[PDB]
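Build the full structure now, drawing on both the sequences and the hints.
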Amino acid sequence: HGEXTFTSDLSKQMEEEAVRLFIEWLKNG
Amino acid sequence: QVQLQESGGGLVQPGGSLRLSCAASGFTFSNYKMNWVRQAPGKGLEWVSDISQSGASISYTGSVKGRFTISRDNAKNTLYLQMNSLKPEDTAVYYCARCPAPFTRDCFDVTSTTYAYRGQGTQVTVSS
Amino acid sequence: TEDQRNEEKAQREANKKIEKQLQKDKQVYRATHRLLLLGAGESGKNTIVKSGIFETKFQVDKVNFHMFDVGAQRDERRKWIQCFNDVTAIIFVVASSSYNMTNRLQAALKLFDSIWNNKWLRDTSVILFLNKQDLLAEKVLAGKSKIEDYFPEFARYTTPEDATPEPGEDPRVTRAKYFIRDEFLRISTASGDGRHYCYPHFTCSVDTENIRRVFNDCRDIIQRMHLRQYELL
Amino acid sequence: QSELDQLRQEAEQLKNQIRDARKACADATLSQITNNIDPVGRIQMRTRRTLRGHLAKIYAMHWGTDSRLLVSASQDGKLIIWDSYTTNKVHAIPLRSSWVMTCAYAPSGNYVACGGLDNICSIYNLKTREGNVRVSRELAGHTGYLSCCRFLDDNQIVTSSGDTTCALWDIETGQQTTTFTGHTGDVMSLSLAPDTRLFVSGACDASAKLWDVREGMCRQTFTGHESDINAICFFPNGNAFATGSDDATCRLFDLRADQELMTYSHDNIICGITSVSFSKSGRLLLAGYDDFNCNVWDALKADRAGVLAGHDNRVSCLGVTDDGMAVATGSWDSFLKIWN
Amino acid sequence: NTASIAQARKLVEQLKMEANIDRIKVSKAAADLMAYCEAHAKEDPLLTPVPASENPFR
Amino acid sequence: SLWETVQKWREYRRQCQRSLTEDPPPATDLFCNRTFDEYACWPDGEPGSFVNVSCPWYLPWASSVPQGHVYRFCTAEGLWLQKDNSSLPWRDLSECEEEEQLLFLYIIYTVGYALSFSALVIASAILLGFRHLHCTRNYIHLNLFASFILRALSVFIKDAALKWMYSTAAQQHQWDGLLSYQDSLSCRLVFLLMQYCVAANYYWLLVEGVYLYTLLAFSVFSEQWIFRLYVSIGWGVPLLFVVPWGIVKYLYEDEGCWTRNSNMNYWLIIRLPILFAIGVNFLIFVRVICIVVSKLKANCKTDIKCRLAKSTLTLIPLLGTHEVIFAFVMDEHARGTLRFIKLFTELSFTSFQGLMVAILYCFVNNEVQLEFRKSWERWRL
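Protein chains in written order, with the authors' numbering: chain P, 1 to 29; chain N, 1 to 128; chain A, 9 to 58, 205 to 255, 263 to 394; chain B, 1 to 340; chain G, 5 to 62; chain R, 31 to 128, 138 to 338, 341 to 422.
Hints were generated in silico from the structure; no laboratory data involved. Hints are not guaranteed to be accurate.
[Stated by the list, open to error] Between beta-carbon pairs, the in silico distance windows are:
1) R:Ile161 - P:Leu26: 26 to 36 Å
2) N:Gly66 - A:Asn278: 22 to 32 Å
3) R:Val259 - B:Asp322: 40 to 50 Å
4) R:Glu292 - P:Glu17: 13 to 23 Å
5) A:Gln213 - N:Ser30: 50 to 60 Å
6) A:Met386 - R:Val150: 31 to 41 Å
7) R:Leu154 - A:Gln35: 34 to 44 Å
8) A:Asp331 - B:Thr181: 52 to 62 Å
9) R:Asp344 - B:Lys15: 50 to 60 Å
10) R:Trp87 - P:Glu16: 15 to 25 Å
11) A:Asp240 - N:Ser128: 26 to 36 Å
12) B:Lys15 - G:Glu42: 56 to 66 Å
The C-beta atom is built at its ideal place from N, Cα and C for all residues, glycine as well.
Right under this line is the structure:
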């Protein structure tokens, strides 16, 4: 259904953004 | 009480004209739908014509259509049946019947063998 | 108040037992369709069937039908007709061939009109049985009796396009049948408004499909009511 | 016929004489005598109970003499005796004929009677010898539907029928002992006098007749209504009665003055009355209507006092308890409501 | 017909029987009704709503 | 995943610490002051020359790209070129370096679900308040209203939980705290409840359709018996595939608070029954429209089309047949703009479906308006 798929897509995007930001955190210290 | 007198019936030649009047008393005339019924000699009662409360909706039986006209005067509490072309088959006692209830479209028992709110009737004889 | 509590418990038990019986009574009542068989005694109504009221129970397609006809009652109907406001349908039986012998068909027409416009019957559908077609056929074919004598409209009337006459049926017979049907239909359509409906049927008193016609008309009535409740119709 | 014509002329003369006698006895009207009486004010009655359990519409109900138990008749072929105090069902009698139009509770409380389109008044004994309510007696003399029935006592009951007659029955022998004839229309209702020596009946000829129970003759005939009379009820005094008619009016008739006392009508009311009943004191006239409401009327004045506006369909019956505590209304929505 | 003449005779007989009765004045009957309503006002629960203490339905 | 990268980076840091303990230069006093940077581990290179170090493998993309190497230049004195006008080690990470639609969708269905929830609680109050409206049809409508309300509430709760799952404090604990809201069991039950509410709403739309299709063409039945069966179908049946889905998610693929459908086979445990309900309800819709058009034909032509359109439009929210348009467009195949249109139409129609159902079956209902008029009339008297 639509809700499931939308939540999965949003969670995947948020996971990728969090990974990128954590990598950015390592650069600063 | 609810009382109805018919007048004007009498002997008339075939093809002649006659007028029936119905004097009503004991009820509000304008709230009721009126009827005309006749009883042929030795045979049952048959509905002839009726007129609505305001005098707008008028219906006739097929046999008299185009010959009889029904009229009411609310001010004078009088019902009329003007006759134009009589036939020997029109010989019957003509009763002025009233619908049982006011402000009602339906009208059930005006042709019953024993029905109140119906006058004594006037005899119309057509012969030569 | 111990005796009061005991009698209250007994009363509550009796009420529970009565309601338990009333549940199954309700189940039986809702599964049954009630029909008022109304018509003149000379209209073939009695032959269709085979105290002030007679009851006959017949089951069609595992559906229970309860049809009541009028017994020892006076001809004044405006009071006891109100008892049948909640019936599934009123089966009206009319003698089609009796258009000359008293204007009997005109009296049936007036009775149908007063039924249609009664305030308490405004939600009740009418299954119309224009009975005695095998007599109307011979009446029209013989030509000794003219419908135009009692209904001047029959001169200018033309057979409707949607007519579906049976094979081997004379055009005059079909025109007479459809004129008689259209009189009742003209009464029906004046004040229908979708609250109740009429189901004309050309019928003979010996027809074996009459129960099937009643079943189909009742099923249509129930479906229309259910669709009205959902505001689909 | 000259004989018929002269008989009708003589009847007209007698009617005229009665009319002038009644006019001579009409020195003043009840409305202009009760001017100085203070109005009853606004009567605000509330629904105290709602009895549910009937599958179809209710035609009749009748209070018990104890003002607690009432019986109701429904077109689903059920007689239910209710305990109005606790709303519990005491009995649920299945009816042989589903088309019941009247029900009566015996003053002794040991019997109920019902009848309808089957033309039969069936007597059930509530004080069952074995435990189950059964048919005690079937009265099968009428040739028209029963519209009302009232016990005079055990072993005596008066019924009104659609064959334009009222009858008095002996329940033990199941035979009519007296037949009351004279009405030209269906007799729709009857009301017993408090002493049970007389009873009035309203018929579909727009007339009401006062009968002598001991002597089957008719004593007085009351006119003034314009359409069928659906309901009738004695004044608690016993010297007057009220009628409900399809002409959307209620009227009060005095026995000794032999004429109408006053009319209870409103311009906004255009529907007939199905049931009438007086309060314990007779100061209020309660009338059920086709427009789903009950109107409470000042009896001595013409003022409408209040309205009972709870029912969702036609109000078919109402009755007031013997002690005057509560009024119950049956309706075509299959509910009985108790009002205080 | 014999049926109609018989019912006409019955109607005439009934009207004769009802015509010869004694009728009191309408004012007197109204006064008696007013007196009964006044003398029983305090015994009518519907006229004067009794408090909930002695109502079996409140 | 953030978690796996966290342990990969910490094991890389442990390896760097071990290598610093076993430093290749035994403190020659000429080697560069090698330090363990937070991003990459660099040893002591030759003083006065640039040193190239491969980018660390814990990066999700640089693991498969060993070509990108971070080059740092060290002076003969052990120092590095100043960065940002400060004494900071030199670093060159350019060699291994590497939303609006979803926000709009979120706004749209949040607004729609809020309006639907408000209208549905008002409609439930109206239907329950009037005693004359109590019937099997209205009981099933009330159950459908409750299912829609529960779905909207679950959507609000899961959106809040998604916000909590990625709050700045929440990700803060991810690499150092090691315990956050994601590891909590309450986050799993939030999305399990969301799945159950969605399935229950779909099966209550199916129950609406089945009850209508039993009223039409299916004779008579024990009304009290079927109502219990209908309640069981509406509520209990979704438990028969949501709970096994939860068990499968717990045993296998237990990560991300059960929010991501990495394995579509496990995601088929919930989609297939919902698709079956949608298909059966679409067949019921077809049959009911056929019955309606036959009834209209039995009774002008241009008025028939308008009446048929009004009935079909009104029947769509009650049966939820708008899902049939994109129901068979599978997740695995929807990509690009097709996926966006599918998600947009589904979310926007479902969010406002509760509002439309409430309006159509409570507010414009003839019986409800009649009850309101009667109640107003009683107030005047």
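Confirm or reject the claim that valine 259 of chain R and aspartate 322 of chain B have a C-beta distance inside 40 to 50 Å. holds (44 Å)
Supplied distance hint 52 to 62 Å, evaluated on CB atoms of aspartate 331 of chain A and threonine 181 of chain B: Distance hint for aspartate 331 of chain A, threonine 181 of chain B holds at roughly 54 Å.
Taking 56 to 66 Å as the stated bounds, is the beta-carbon spacing between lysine 15 of chain B and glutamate 42 of chain G within them? violated (36 Å)
Look at the Cβ atoms of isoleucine 161 of chain R and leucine 26 of chain P and judge whether their distance stays inside 26 to 36 Å. Cβ of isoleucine 161 of chain R to Cβ of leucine 26 of chain P: about 53 Å, so the range 26 to 36 Å is violated.
Cβ distance range 13 to 23 Å for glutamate 292 of chain R and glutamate 17 of chain P, holds or violated: holds (21 Å)
Could you check the hint for me, namely that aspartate 344 of chain R and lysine 15 of chain B are 50 to 60 Å apart, CB to CB? Since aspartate 344 of chain R and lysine 15 of chain B have Cβ atoms about 59 Å apart, the given range 50 to 60 Å holds.
Whether the CB-CB distance between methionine 386 of chain A and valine 150 of chain R falls inside 31 to 41 Å: 39 Å Cβ-Cβ, so the 31 to 41 Å window holds.
Does the beta carbon distance between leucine 154 of chain R and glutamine 35 of chain A stay inside 34 to 44 Å, or does it fall outside? holds (41 Å)
That 50 to 60 Å hint for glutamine 213 of chain A and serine 30 of chain N (C-beta), does it hold up? Once the Cβ atoms are compared, 52 Å apart, the range 50 to 60 Å for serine 30 of chain N and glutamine 213 of chain A holds.
Between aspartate 240 of chain A and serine 128 of chain N, is the Cβ distance one that fits in 26 to 36 Å? violated (56 Å)
Return holds or violated for the Cβ distance of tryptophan 87 of chain R and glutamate 16 of chain P against the range 15 to 25 Å. holds (19 Å)
Between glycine 66 of chain N and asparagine 278 of chain A, does the beta-carbon spacing fit 22 to 32 Å? holds (25 Å)
Comparing the model with each numbered hint stated earlier shows that hints 1, 11, 12 do not hold.
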